[PDB]
Amino acid sequence: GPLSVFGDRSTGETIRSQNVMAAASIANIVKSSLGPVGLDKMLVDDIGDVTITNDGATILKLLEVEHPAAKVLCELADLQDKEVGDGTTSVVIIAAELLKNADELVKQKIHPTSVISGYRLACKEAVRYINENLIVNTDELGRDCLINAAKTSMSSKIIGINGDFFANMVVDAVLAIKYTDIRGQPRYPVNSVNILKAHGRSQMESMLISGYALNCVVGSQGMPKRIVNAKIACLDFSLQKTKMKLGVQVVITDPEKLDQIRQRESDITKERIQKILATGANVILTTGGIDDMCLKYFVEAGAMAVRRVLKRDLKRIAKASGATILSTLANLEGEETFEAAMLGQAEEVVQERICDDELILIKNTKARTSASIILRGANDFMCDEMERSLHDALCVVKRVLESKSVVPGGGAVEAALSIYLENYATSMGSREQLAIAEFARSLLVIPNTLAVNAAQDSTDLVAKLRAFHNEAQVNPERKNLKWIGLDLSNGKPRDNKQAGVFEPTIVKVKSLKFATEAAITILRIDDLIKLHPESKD
Amino acid sequence: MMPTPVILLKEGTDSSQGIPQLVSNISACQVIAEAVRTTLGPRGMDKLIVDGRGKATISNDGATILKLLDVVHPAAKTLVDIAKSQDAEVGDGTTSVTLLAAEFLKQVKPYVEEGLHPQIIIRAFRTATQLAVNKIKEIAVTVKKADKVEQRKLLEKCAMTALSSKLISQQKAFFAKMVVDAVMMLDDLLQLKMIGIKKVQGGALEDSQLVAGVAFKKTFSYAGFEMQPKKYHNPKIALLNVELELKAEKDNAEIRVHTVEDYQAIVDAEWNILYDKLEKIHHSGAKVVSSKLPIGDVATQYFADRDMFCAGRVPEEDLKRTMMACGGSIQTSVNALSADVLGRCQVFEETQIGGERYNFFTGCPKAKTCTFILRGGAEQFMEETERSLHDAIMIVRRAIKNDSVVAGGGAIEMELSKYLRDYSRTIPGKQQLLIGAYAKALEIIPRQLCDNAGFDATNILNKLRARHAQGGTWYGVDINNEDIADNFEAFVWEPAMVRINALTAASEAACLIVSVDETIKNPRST
Amino acid sequence: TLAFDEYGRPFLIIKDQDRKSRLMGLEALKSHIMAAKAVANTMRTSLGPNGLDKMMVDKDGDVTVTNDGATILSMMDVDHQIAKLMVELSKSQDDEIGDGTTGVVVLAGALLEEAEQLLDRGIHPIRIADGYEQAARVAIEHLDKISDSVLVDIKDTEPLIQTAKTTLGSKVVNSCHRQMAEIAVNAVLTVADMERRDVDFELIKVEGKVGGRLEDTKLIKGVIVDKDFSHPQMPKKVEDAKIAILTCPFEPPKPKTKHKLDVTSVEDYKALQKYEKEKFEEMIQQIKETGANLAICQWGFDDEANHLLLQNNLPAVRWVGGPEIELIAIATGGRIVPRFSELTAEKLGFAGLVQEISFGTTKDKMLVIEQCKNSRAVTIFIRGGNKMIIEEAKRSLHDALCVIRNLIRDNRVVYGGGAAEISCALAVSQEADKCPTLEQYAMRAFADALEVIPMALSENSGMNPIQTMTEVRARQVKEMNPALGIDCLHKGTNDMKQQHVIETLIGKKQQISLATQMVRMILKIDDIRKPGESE
Ligand SMILES: Nc1ncnc2c1ncn2[C@@H]1O[C@H](COP(=O)(O)OP(=O)(O)O)[C@@H](O)[C@H]1O
Ligand SMILES: Nc1ncnc2c1ncn2[C@@H]1O[C@H](COP(=O)(O)OP(=O)(O)O)[C@@H](O)[C@H]1O
Ligand SMILES: Nc1ncnc2c1ncn2[C@@H]1O[C@H](COP(=O)(O)OP(=O)(O)O)[C@@H](O)[C@H]1O
Ligand SMILES: [Mg+2]
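As given, the protein sequences belong to chains A, O and e, one line each in that order.
Note that the authors' numbering has the first sequence beginning at 3, numbered continuously upward.
Note that the authors' numbering has the second sequence beginning at 1, numbered continuously upward.
Note that the authors' numbering has the third sequence beginning at 4, numbered continuously upward.
One or more of the hints may lead you astray.
To be verified - With a Cα cut of at most 35 Å, we get these calculated DSBU-like pairs of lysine-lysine:
1. O/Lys230 <-> e/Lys245
2. O/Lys106 <-> A/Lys63
3. O/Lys247 <-> e/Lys481
4. O/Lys366 <-> O/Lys198
Derived from the structure by calculation, the hints contain no laboratory data.
Using the sequences and the hints, build the whole thing.
Below is the structure:
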């Protein structure tokens, strides 16, 4: 008679109501961590680890989910870090409210393919309207655009101070790693900034190290820990005793030739260490291993040798100091040449005190003048929060300098799109106009969440918010009310042009493209079959 | 991990707080509204609920379905009590009260998640309800030519729509004619105990009938009932409350005798006590005897020899209907029997309807009661037919004392959305998002008339909002044709107090769900 | 999600909702058809004269072989609420008419099978149910076309015997197909009131005793009770019985209340002996003064009263049941007397050969009443080879007693053997085109389901269903439609008027009416709220 599957089958409006409650179970979590009045959470594990964070990606990655519609919204937050980097609480609330308003349409016996086709006409028109209603590029504002866009990202986190201490350190970090490319591409690789953590003084003592901050120790306590006018030798091979390979064995037939082979394992080893040290090299960085026999040659000659450094850290030092990453001997059948003209340069390599640990600093690197940020917090829970908040702040200034276009934040984009799409649904709307009209109400949840978390008036402040944006579209008298946002500290609509509340363009363009595409896949689960777990057979 | 005291809070109780509590109450009312959602409209199906004992009850009434779900949710019990009060006040407002009260919470469900302290929602719900119950009274039509054939036609149209959405398809013209004729035979009290609805298994719905008199089920008799033939052209009924047995003992009598000459005189006196009571029933014309107390083998054979009929162990609910049918009086003592206490009928026979025997009375013109015998093919079929009969009786019971009727279907629920949206555009403040949300919540009654049979319900609401804003105010949803139609001209009528008590009970239930902010449950459940 | 909210709170609506079962879907209507078709496919093989019986085993281990559709569905342990409505459907046909209890379940399963293909085309289930009411109305009006009977209950019993042979032809009484058919005709006409057209089945006592054969079943005009002569030397044959029916035990009169009679002297104790000695001589003389030679008593006898019966030549039975003596006073024309002092010659019953008959080696000795005088109560004595053939014959002959009762209620007949179902299927197909607006597909599904009952007779008779039905249905359109059906041995031609296959009009009128209304209550249901496990 029925289906003889050994799992479970649920059809109809059961799964159509379960996917909305699965998406609302995720959105109601992250609704309390949006905007400058948002608050952080606690993520406690079974082993006892506590993670205090408010970013939309760190919470949903550590949180376990079971529903298939819940894994779509959790993987939607992971894509926002790679594509944009701060846009990762706002996408989850929009994509869940896109399913909440579309559930009210399919309960009115409206076909979901008209809602899918109605959402594509509203998503492509939202990108078209936001690209024709921008204020200015990065020429008029200058450095004031980079600082004000950085403070908007920090307002939802622990580094949202009233001053410009953390804002100036981010702009000075991205501007110091300007790496040009072919065909006129000024790239800004923000992954080259080594963000370090140390439980020390307050947040106002966060050092901006112009150069690189290596997270390693010297090793042997007989080397000079401060070298002025240093020459960095970046190399990746273990400075240990000469061990033969698997194909080579030592089969001796004469007992007199025994001790000459035993001394040869250290003579070939020390032959490399004398030709890399006679060329003026004082700092040697190694990703392999330097044993206790080879540490004597640096104490005797007065050189610094750092062992077991990361491979991702050696590439950031050799590119910034002009050093060449050498793995072995080379240069056309040469015995030991080392190409001594390709040594790195540094002004000062100094191991400072980082509150009961050792940290090596390189000052200005003499070739590229890179930057590294050492964070200072109260405990380890604040340092993990300060690292995530700084990494999201580095991604904001990266997209502004690459794509010179900013949009007003604080719900100013979602207020203008809530009224333009209602007029867009009336012109060319015959049967898909109800999906475009619900696309505007789903976008209004971003200024609605700012009024809930601020404990302000909800149905009056957003009603006063769209009152200025309606007059900016139907009354062409140059009212300039396209930048009207929210003042959550006062509870009144303010102008985000003069207040300095700036967000990048692709933090809302890619947010509206990812949330609309995720809402289509969850809208097509009218039939769902769940099989039994095959564990013990 | 937070609460670890030495002395706990109360015992172990959990309590939600704030905005997650209120959405938990609104979404709970949406689940219990699905059990009355598919039972609306003439194209609405019924539901079958089986309990733990295995008893099946198939019905579509809101007062029958919601009482068998065994709902233990605190907020969802509010929608069950308004379905019970609608059956107690009106009788046919049941599925519409539960579903409309759930829409009052779902239309404010995006509003309660974003601010909007609920004292503004309670004030807006009470304001829109008082304007809704006043526009019904100002538009409900009435007549000034009653006590004629036109008033009986008004009672028949309200009973056909009350018999709609039931298990009756083509028997609307047959059953609803009997419902109007049932309440017109009653007195000026309209008591529901003055009409017997008895279910006889076997026969179609066309085999049912409305007896002008009464009829009982012919309960357990004794030897002598195959005699006493059932042909009476003008009998008299003796309603009694006495025992006609030889063993009538007062349970405290000790008859101490001394000799054998007086011992036989006691046994002869015990037969003379019973035979003197039978001589009082005799010599008075009372050929039919009815008593709620049992009759032994002695008085059964005495009436068979004197060509008299009797019936013992009659239920007390049937003797009260028998007293108002024949116009007599129940006499406990047989010494005061006369012509003023006996009944009078014309046709009294014992038929064989459905296999079981039934002693029916007919022919009495001064009949203040009636009996509607139901014939069906199943026990659950006749229980639904009895439940559908009570909804048509309680509609026509209230229609006599208040003949103000309105249009059926979604005609009133759509035009109340017109008068409330026009009122919401004339007041400032936050009430434009609440009075207008109250008007959009009333549009689900024409939605469930269409969603149960397709009908393209999105396009049919654009025709309803355009017709009510242009011309008449009684345009609703046609069931046979997939179009809008004037329900007042199509004789789809319902009394005005059906929708007045529906809007009043749904608003007071919706104001109670939004007013509770904490729910504390004690774990002691024994 | 279920049992949890989006805010983390537990979401409990009803009690024990985890162990519940709820189906709305599109398979809730599909589960009702597949549960009802398996009941109709079971009862399809037991239809017609070639219908094979079914063996039913009770919970106590008792085995009853039944063929009638009322007792088959009633003795099942089916815990399915859709199939439980098919049990009450066959019970409602037995309580009202009592002949088509098998055919009303195959017809209801045929209407649901044709509605399954109509459900996949997008038709609403109430629209199919509203289309079946407009289609069954044509079958009622077309069934009243050819209907006539000439029964006068004097000498024209030939339409009454041939009507009962159609009911008894499908049972296991075909060996007594002519003998037992005449028993059920004469048993109804002697007890029926023709002035009121009312038949009382309490006057027809159906008794059974193992032994003999099926041909030894006789219609005893009178009563058959278990004779309990307290004296073993009582005469076992009374030629002319003046029956004295009484309801008082042969004892000194005991009151109904507490007495505690006091004895003081020895003159009072000697008065106790003379009181009882004269009481047993008074209760015996008051019967002999009326001229009676037979006594019936409901209660027991005393040992002192037993020998006084033999001295006065007065046979008497002991410990007769409640409704058993009620049948004696009607069969003999006597009156049931409460006391002994109210005995007279007018309250005596008249009977002829009053005797007891021993059956083989048993000690039952039932009463046989041969001669009577205008009795209104008969007793059928069913004999057989085992208790399986007797309890079935009690159920088979009860269906034969009901079809004679339906002829007194309505003297209109039809012709069975599938002849009325093919003729009614042509009436719905002719009115399906007048007009084919909305319910065209619902009426053609009714006519295709009415042809399942005659094609089930062709399947049980070893023929082909679609080959035989196409030949019979085409012959009713080319000419005026006769009583044209089928049979097992086929009796030569297929004319039901010549083969004397006669069924009642109101029997088939309630087969279409009850199966349509039961289909409407199982099509107008879109949810099931059954629980899970028992505990
Ligand atoms: N000063 C401010 N005034 C008003 N709104 C602000 C201000 N600063 C930040 N916001 C709002 O807070 C929101 C924070 O979003 P966020 O959680 O950072 O997104 P993501 O998770 O993608 O990084 C932004 O959408 C922005 O509109
Ligand atoms: N002939 C008809 N045409 C259109 N709609 C109808 C017709 N008959 C009844 N209805 C609708 O069916 C609905 C039945 O409601 P009902 O379940 O009886 O309410 P309650 O449960 O309060 O008695 C009514 O609201 C009415 O509008
Ligand atoms: N001699 C015959 N020729 C053809 N058909 C017959 C003959 N005798 C009986 N039948 C058919 O056998 C069927 C038996 O139905 P039955 O099972 O007795 O119905 P129910 O269960 O209601 O008593 C009848 O419908 C009748 O048409
Ligand atoms: Mg039969």
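Consistency of the hints with the structure:
A C-alpha spacing of about 29 Å is found between O/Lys230 and e/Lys245, which places the hinted pair at or below 35 Å, so the restraint holds. With a C-alpha separation of about 32 Å, the suggested pairing of O/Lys106 with A/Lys63 holds against the 35 Å cut-off. Simply put, O/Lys247 and e/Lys481 have alpha-carbon atoms about 76 Å apart, too far for the 35 Å limit, and the pair is violated. For the hint pairing O/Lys366 with O/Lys198, the CA-to-CA distance comes to about 22 Å; that is within 35 Å, so the pair holds.
In this structure, only the earlier hint numbered 3 is contradicted, and the remaining ones agree with it.
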